[PDB]
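Working from the sequences, and respecting the hints, build out all of it.
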Amino acid sequence: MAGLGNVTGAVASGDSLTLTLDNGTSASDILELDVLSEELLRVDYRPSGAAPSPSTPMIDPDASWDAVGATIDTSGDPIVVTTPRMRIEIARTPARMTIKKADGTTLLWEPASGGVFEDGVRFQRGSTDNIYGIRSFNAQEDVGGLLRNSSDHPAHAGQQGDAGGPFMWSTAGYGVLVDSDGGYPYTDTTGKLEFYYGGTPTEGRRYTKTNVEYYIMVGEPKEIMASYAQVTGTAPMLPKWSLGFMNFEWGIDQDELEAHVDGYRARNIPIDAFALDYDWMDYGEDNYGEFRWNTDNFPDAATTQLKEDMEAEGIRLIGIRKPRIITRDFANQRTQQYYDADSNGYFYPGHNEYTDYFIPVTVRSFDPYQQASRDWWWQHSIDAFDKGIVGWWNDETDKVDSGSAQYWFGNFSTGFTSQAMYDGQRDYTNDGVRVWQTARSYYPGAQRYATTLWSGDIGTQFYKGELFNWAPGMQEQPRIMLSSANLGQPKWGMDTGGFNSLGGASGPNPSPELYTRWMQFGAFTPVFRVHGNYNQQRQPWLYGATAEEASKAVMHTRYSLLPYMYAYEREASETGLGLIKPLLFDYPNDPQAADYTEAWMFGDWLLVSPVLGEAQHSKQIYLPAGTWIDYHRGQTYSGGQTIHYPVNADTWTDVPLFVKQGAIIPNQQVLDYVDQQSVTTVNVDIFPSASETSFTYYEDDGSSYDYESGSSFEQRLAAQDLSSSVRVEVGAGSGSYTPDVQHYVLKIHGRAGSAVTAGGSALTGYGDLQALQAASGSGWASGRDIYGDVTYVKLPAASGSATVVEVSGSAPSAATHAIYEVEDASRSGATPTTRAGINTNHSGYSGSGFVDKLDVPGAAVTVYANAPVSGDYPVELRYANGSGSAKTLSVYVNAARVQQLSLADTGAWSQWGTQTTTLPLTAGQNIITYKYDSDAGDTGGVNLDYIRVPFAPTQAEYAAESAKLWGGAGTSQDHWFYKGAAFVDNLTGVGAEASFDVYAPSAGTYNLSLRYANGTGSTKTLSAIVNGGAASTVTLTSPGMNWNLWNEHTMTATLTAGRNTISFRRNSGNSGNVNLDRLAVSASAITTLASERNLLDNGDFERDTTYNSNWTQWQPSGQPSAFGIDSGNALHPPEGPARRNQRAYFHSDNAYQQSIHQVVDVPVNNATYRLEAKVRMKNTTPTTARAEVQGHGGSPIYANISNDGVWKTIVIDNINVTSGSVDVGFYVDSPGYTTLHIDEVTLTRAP
Amino acid sequence: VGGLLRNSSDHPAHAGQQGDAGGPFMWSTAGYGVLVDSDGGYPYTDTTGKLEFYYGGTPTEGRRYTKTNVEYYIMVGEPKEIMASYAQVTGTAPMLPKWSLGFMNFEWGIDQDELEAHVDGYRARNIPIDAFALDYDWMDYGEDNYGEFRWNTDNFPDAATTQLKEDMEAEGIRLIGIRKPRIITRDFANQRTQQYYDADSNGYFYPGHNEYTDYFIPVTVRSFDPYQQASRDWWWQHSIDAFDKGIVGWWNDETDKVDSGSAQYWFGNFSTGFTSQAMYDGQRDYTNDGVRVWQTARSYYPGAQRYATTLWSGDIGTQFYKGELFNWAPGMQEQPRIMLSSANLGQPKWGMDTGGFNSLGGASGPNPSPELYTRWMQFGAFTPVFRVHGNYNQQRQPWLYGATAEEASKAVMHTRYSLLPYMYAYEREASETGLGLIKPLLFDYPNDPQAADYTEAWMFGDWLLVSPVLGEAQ
Ligand SMILES: C[C@H]1O[C@H](O[C@H]2[C@H](O)[C@@H](O)[C@@H](O[C@H]3[C@H](O)[C@@H](O)[C@@H](O)O[C@@H]3CO)O[C@@H]2CO)[C@H](O)[C@@H](O)[C@@H]1N[C@H]1C=C(CO)[C@@H](O)[C@H](O)[C@H]1O
Ligand SMILES: C[C@H]1O[C@H](O[C@H]2[C@H](O)[C@@H](O)[C@@H](O[C@H]3[C@H](O)[C@@H](O)[C@@H](O)O[C@@H]3CO)O[C@@H]2CO)[C@H](O)[C@@H](O)[C@@H]1N[C@H]1C=C(CO)[C@@H](O)[C@H](O)[C@H]1O
Ligand SMILES: OC[C@H]1O[C@H](O[C@H]2[C@H](O)[C@@H](O)[C@@H](O)O[C@@H]2CO)[C@H](O)[C@@H](O)[C@@H]1O
Ligand SMILES: [Ca+2]
Ligand SMILES: [Ca+2]
Ligand SMILES: [Ca+2]
Ligand SMILES: [Mg+2]
Ligand SMILES: [Mg+2]
Ligand SMILES: [Mg+2]
Ligand SMILES: [Mg+2]
Ligand SMILES: [Mg+2]
Ligand SMILES: [Mg+2]
Ligand SMILES: [Mg+2]
Ligand SMILES: [Mg+2]
Ligand SMILES: [Mg+2]
Ligand code: NI
Ligand code: NI
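In the order they appear, the protein sequences are chains Y and D. Using the working numbering, count along the first sequence one by one with no gaps and you end on 1267. Using the working numbering, count along the second sequence one by one with no gaps and you end on 929.
For the record, the hints were derived by calculation from the structure and aren't laboratory data. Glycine included, every Cβ here is placed at the ideal spot set by N, Cα and C. It cannot be assumed that every hint is accurate.
Claimed, not checked - Simulated pairs of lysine-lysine, DSSO-like, Cα-Cα distance not exceeding 27 angstroms:
#1 D:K553 x Y:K767
#2 Y:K999 x Y:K1040
#3 Y:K242 x Y:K120
#4 D:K553 x D:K505
#5 Y:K212 x Y:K229
#6 D:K553 x D:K535
#7 Y:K327 x D:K865
#8 Y:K260 x D:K865
#9 Y:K242 x Y:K121
Unchecked claim - Computed from the model, here is a short list of chain D residues facing chain Y with C-beta under 8 angstroms:
#10 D494
#11 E507
#12 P662
#13 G769
#14 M868
Claimed, not checked - Residues from chain Y that keep clear of chain D, each with C-beta distances beyond 12 angstroms, as calculated:
#15 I402
#16 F405
#17 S658
#18 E712
#19 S745
#20 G990
#21 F997
#22 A1050
#23 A1073
#24 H1177
Rendered as structure tokens:
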């Protein structure tokens, strides 16, 4: 904010004057003045004499003036330029310009305080001078006058009929024009007349100028304006017809046009032109539709005929143009115009795609408050109902939000809209089809008419403000749900996956992580539904294998709980309480439940707390008074505390779910839909408490209002743990509905009895659950499951009288394995009629059958096996192979391809064998899938009978990132070759620690191995603290100055049966300053874990892309990178990862070469290794697309990638390494538009 | 999104919008509830111990059930007992079909083939699902004869009969359909609908809700960059065909600002000039300077004039003045000030939508009155770019406004057209000095204080001063 310095040189030459100004440095400022006309001066200020920037497009590039012959007198102070019309004085000390008329009248001057500077011009003039220019007003603004005597409005083009620019002039005889892209003119009534470049204005700035180029005009307004047009350009002449009247019109076609022109001509009302709005063009369509004549509206525009016929009637045509292209046709296909624009960079910078609307329609709200209005609404709805609309999604019953229409519906609109459909559908069907509706508001009473509530247009993000701030996301939703419940509307759901994104419908889908977590969440809410914006897709397979499998998994849990759930639907008809409730319902005096929403009750007997955090490794979960049993992991917790709960951030398989002691939970086989088949056996899991608890099992038709007049079935189930037995009462049948249930199978957890009695009779004992199920009439059996000892008791349901069962004694199973019969498991395949099957047509099977039709590509069977801790589980597959030779099948665990199983011929189809494979399981639920994956080279073609999963692993693992961290310990991905989804760093402050919860079957000494990094150069120390006992020192050597190296610290620890705490803390004497990754635990010597075989760093590309990996890339010199890593969720439909959240891609609009490589030193030189990857290719066939192995001692090995669109597995086996290292790579050579996706790359030591 | 606690609460009791819920129902885990019968109202709590409820004034949402008495309920018990009592007073919930405990896929942008393929994708994977919910796709929303209640057989051919219902039932799929509590009162062809006539004659529209123009087919678009030569070449190249077949003037709209949903993007100050430059350079090359360019844009920044463009005053209001009918757009009376402000910035080739663009309720709203129309045509005829325009399916031919509007319009048009050779000289003048057909009086009278802010009259060429009648009933 400072003016020019003194003149140190003046060089006149023709009409130019060049001034050098002192700024105190060797690089002086320049000020070039040019006299352009007698009444027009150019001034260019170049700070430090640097070259001027290019002139903006304000300036006419072709402007040209006659020589003026001005008089420039450099002899005196001031320096003096004169013409006949003006006099310019520049004082020397400091340099200051005064502008005058020839006659000496002062027009304006730069003040002492400062004139021109680096960022603008500053003048002073007569304070009563009237100023003009700068700005106009738009069609949304208050409209001022012409005077600009107190102005600070920016100079901009503006919008909606605005005009403006850096042009301030006065009727007092002068004008000032500054070459600028936007900026801030300033005037006030002290006489100031200023212009500042200022900061980037709202409209953007794409022409910046290091210089200040300005023009000073002198004269009357006509002369001022003439000079403005010499500088900025004159207007070319419009066609003469442009002086005529024109009729602009929106909503018009060729017939109407012709009528309109006839009307004008018949009445001798002149007219030269019509302007046509959207009507004229095929806006919305492919092939440059927004440039081509709409021949539906204007048929004769197929040729020049329309032009020529209107010419003959004296009509020229004008056509509307929007400076934008349609990037998606009405069929949701990328347009040709998109491809051309995207490839050549023709989109406006900073403007992304966005969703517009363009066909208007006129609507008006209906009144549901009137009975006669409601009847009419229903009567016109009947035809839609008979043709299959049987649920009513009653949208927008709350508020209209649309231009000038901001109208509110009243508080009873949702109830009355709902009543219309309810009284209506009830009358028409004679109480024979139950009503289902949803609305997006609730007020009391509305529930009488059978409506749910959904949370409206929520955002596709983790929480409010993650991605944008105008809608909440996933994390807020439990608070909405529980608030609805506190209002007596527990029948609630949400748009799982979110509705809104930045840019509207074209905005991103949810990430695979966000989608997976949201499905896990919604499976434990009452109205379980996905939704999204226009042309968005929400099918779980589109989000990659983790999202598919985890979603499937939690959906199986929900559907297995149908009989549990449905009893709550019944309760809502008696008391209004439904399937969910907040903890404060059950714990009204617990201050920790008062505002608790991160967990909630699902029915009476399950507390659920979904993982809602992005990249979350552990949850803090409040458990209120009682005793809780982990649904998936088996351990107990006592209530009245907040627990630390590890979750596997890599698999996304956990849904933290806890059984309340007392629980009586009816459940059933998984159906594809609710009434797919009759269910004749209901399971009832019972976890007895010392006080009686009960559950009233309930059936009815599921369809009609018959239940209202007694047509239903109920039976009261009740349980109690006694001093030395468990008592369970199956009360007598009640009601008139003949239920489908024939037998309950009670699963009484906590005791494996030696006897089960009832009415003076000891029930017949069978050897196992299987043999019990196959028996007719009553029995018992016992076993072990994830929870511990269990007693099974099979009974008739729907007896006319009460049955009281008492399980006594304790005779625990010695079973070491659970058995899952795969014919009870999940059967799938590529199409609905090529799924794997159940069969009994060969002998020797266990259970009720085995699984066949693993002989069409993609056929598979999927078992959900619970594990108490993470680790190595040797899982036995019983199968038959009567094909004459060995057959292959993939084993997938938690959506990762673990192994190709080679299954030997067994002699015949009725002869069975066993293959045992060590599986990397995670604590809680695991997804184990045996699949014919022809794209991985499997053959399929075997039959599977069961699998056997040990109750205990051979060795356990615990992730450091999922441990309780304290004292500054945190998680990080900022170094390479960690296992799992992260590691623990920042063990630097005293008190910093990681505390593992380790389980043991028996008291004893166990081996530990702790995986740690130490790149400090020297040995460092932590303390180990087992069960709060005495600190032992842990001495951790350093491989060197390198944080990408990991070693094992081996040690023993004395442990107790059950839960143990083992901490690694920096105590005051310890030095700290190491990174921890995983603790392995076993009764035997610890070996390589099945989860940790991968020698690559970031082989799954899951690492947050802010952080690097051992991957490197290459392209030819001067080519942009074609390589990135992301989730594919921006695309519609999503092109998702193969597993978890991310995948590498190669893509370019133009021709390209691209590779990525990773080099690793192998653990054992002179041995065999193996490369596996998932790869997907689409669009243009490339010249080369391959996996590559090289640098290993032998010559390059290649495996080609085949253009398809689908995820395939590429494998390079028998990599004989003799160099000590291996380079694995992927390379594409493309002519353009080849997309390659790479995922799940593993380099392992090969059998 | 807050918590569950309502310990310091003044939020009103309403149904709300967009997933909201509320009511005059206040209860505590300390062992009590309070339910008041009310249509809206104002619950109040605070940490000194107040638990209050006020009817107060008419809410935002309206109030159709007013009450002289005060009917309330006190509940005593633990939370589940309070909630049961609430359901005794306001109603228990009827049981929903059992399938409604299943998974449901809701979708917007779906036809029969896609639905079938989705369902096949679930079943093939043994991923359970009981229901698809269909958005607008399922219905002939926008058409006559109750189209907003009728299956769209272009998207769902087999919903012509019970076939879709039945094949989907066989696959374990129930169908849900979206409903909107409104009807279309003008079909796509601007014709009043059967459903309109039925609701109007029976009184079935929501009180206080007039009709209004909504939009319903979404399209995806992206702005082009006219700042680059190769972009302009491309834009022109693709316009040649439309030009050969009769588009000889370029009405370049929305070169200023995107105001659309979440999308709020500005174009730069040279956007108009450069858009204009694309058509100018192009047409001139292609016709070898044989066909004069004409264009209009709704913004002006200096230099844009070089590329042959006029300026229009945007989506102005169909009204005499700002605030006569609505406050959010100016009307006719303001337009001289805008025109003359453009002139002072060197853009005298200026026009306006004679008749106005915007009315209350959108395109469905009122045309100009004959008086407004007539006075505006008279004014228009003495401005440089003389044009009527209006909103979607609105009409601006003068004969529709009755015989005074017809005849007075004709008359003033005849005056304008007789002045062709007077006018055309000023067109020539704008090619030499940039001065044009209008100018404010302060150009001729730079020292007259009565001319300094004067915009109720102006000069049309050098020798005529015009001051159109713009007051109602003046
Ligand atoms: C048709 C017009 O649509 C867009 O702008 C209009 C809005 O959609 C309207 O809702 C209205 O907005 C106002 C609110 O209703 C009101 O409550 C208040 O908040 O003010 C708002 C205005 O600030 O009016 C808008 C302006 O007309 C769109 O942005 C606009 O460009 C559209 N007009 C052009 C389009 C066509 C159709 O091709 C042409 O016929 C016109 O000449 C164009 O200027
Ligand atoms: C489709 C949806 O549209 C309407 O509301 C949405 C707006 O159209 C969007 O532009 C967006 O507005 C936000 C601005 O982008 C943002 O800058 C900020 O100002 O906040 C605005 C909103 O607070 O989002 C709006 C909300 O989605 C309309 O009012 C709404 O009812 C519409 N949603 C229903 C329509 C369909 C299609 O039939 C259903 O699929 C949905 O489930 C409905 O809820
Ligand atoms: O009014 C003159 C003023 O202009 C500049 O400030 C700009 C600022 O850069 C913009 O970001 C925006 O907020 O508008 C302002 C003007 O309204 C100068 O930096 C300042 O010194 C000067 O007084
Ligand atoms: Ca079996
Ligand atoms: Ca780890
Ligand atoms: Ca991955
Ligand atoms: Mg010169
Ligand atoms: Mg004054
Ligand atoms: Mg600068
Ligand atoms: Mg029309
Ligand atoms: Mg004709
Ligand atoms: Mg066409
Ligand atoms: Mg779709
Ligand atoms: Mg089919
Ligand atoms: Mg139809
Ligand atoms: Ni402005
Ligand atoms: Ni509210």
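Now for the hints, and whether the structure bears them out:
For a cut-off of 27 angstroms, the pair hint linking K553 (chain D) to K767 (chain Y) stands: about 25 angstroms separates their Cα positions. The hinted pair formed by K999 (chain Y) and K1040 (chain Y) meets the criterion: a straight-line CA distance of about 22 angstroms does not exceed 27 angstroms. With a CA separation close to 18 angstroms, the supplied pair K242 (chain Y) and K120 (chain Y) stays within the 27 angstroms bound. Between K553 (chain D) and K505 (chain D) the alpha-carbon distance is near 43 angstroms, which puts this suggested pair outside the 27 angstroms criterion.
For the hint linking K212 (chain Y) to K229 (chain Y), the alpha-carbon distance of about 23 angstroms falls within 27 angstroms, and the restraint holds. For the suggested pair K553 (chain D) and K535 (chain D), the alpha carbons sit about 24 angstroms apart, so the restraint of at most 27 angstroms is met. With a CA separation close to 26 angstroms, the supplied pair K327 (chain Y) and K865 (chain D) stays within the 27 angstroms bound. Note on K260 (chain Y) and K865 (chain D): the hinted pairing holds, with a Cα-Cα distance of about 20 angstroms set against a maximum of 27 angstroms.
For the proposed pair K242 (chain Y) and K121 (chain Y), the alpha carbon gap of about 16 angstroms is at most 27 angstroms, so the pair holds. For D494 (chain D), the shortest C-beta to C-beta distance to chain Y is roughly 6 angstroms, which falls under 8 angstroms, so the interface hint holds. For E507 (chain D), the interface hint is violated, since its Cβ never comes within 8 angstroms of a Cβ in chain Y; the closest pair sits about 18 angstroms apart. A distance limit of 8 angstroms between C-beta atoms decides the matter here; for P662 (chain D) the minimum to chain Y is near 7 angstroms, and the interface restraint holds.
Because the closest C-beta pair between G769 (chain D) and chain Y is about 3 angstroms apart, less than 8 angstroms, the hint holds. Look at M868 (chain D): its Cβ gets to within about 5 angstroms of chain Y, closer than 8 angstroms, so that hint holds up. Some Cβ of chain D comes within 12 angstroms of the Cβ of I402 (chain Y); the nearest lies about 9 angstroms off, and the non-interface call is violated. For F405 (chain Y), the condition that its CB be more than 12 angstroms from all CB atoms of chain D is violated, with the nearest at approximately 9 angstroms.
For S658 (chain Y), the condition that its CB be more than 12 angstroms from all CB atoms of chain D holds, with the nearest at approximately 23 angstroms. Every C-beta of chain D lies more than 12 angstroms from that of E712 (chain Y), the closest at about 18 angstroms, which supports listing it as non-interface. No Cβ of chain D comes within 12 angstroms of the Cβ of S745 (chain Y); the nearest lies about 31 angstroms off, and the non-interface call holds. Every C-beta of chain D lies more than 12 angstroms from that of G990 (chain Y), the closest at about 28 angstroms, which supports listing it as non-interface.
Distance to chain D confirms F997 (chain Y) as a non-interface residue, since its nearest Cβ pair spans about 35 angstroms, more than 12 angstroms. Separation of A1050 (chain Y) from chain D is adequate, the least Cβ-Cβ distance of about 44 angstroms exceeding the 12 angstroms criterion. A cut-off of 12 angstroms between C-beta atoms confirms that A1073 (chain Y) is not in contact with chain D; the least separation is 43 angstroms. Non-interface call for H1177 (chain Y) relative to chain D: holds, since the shortest CB-CB distance, roughly 36 angstroms, exceeds 12 angstroms.
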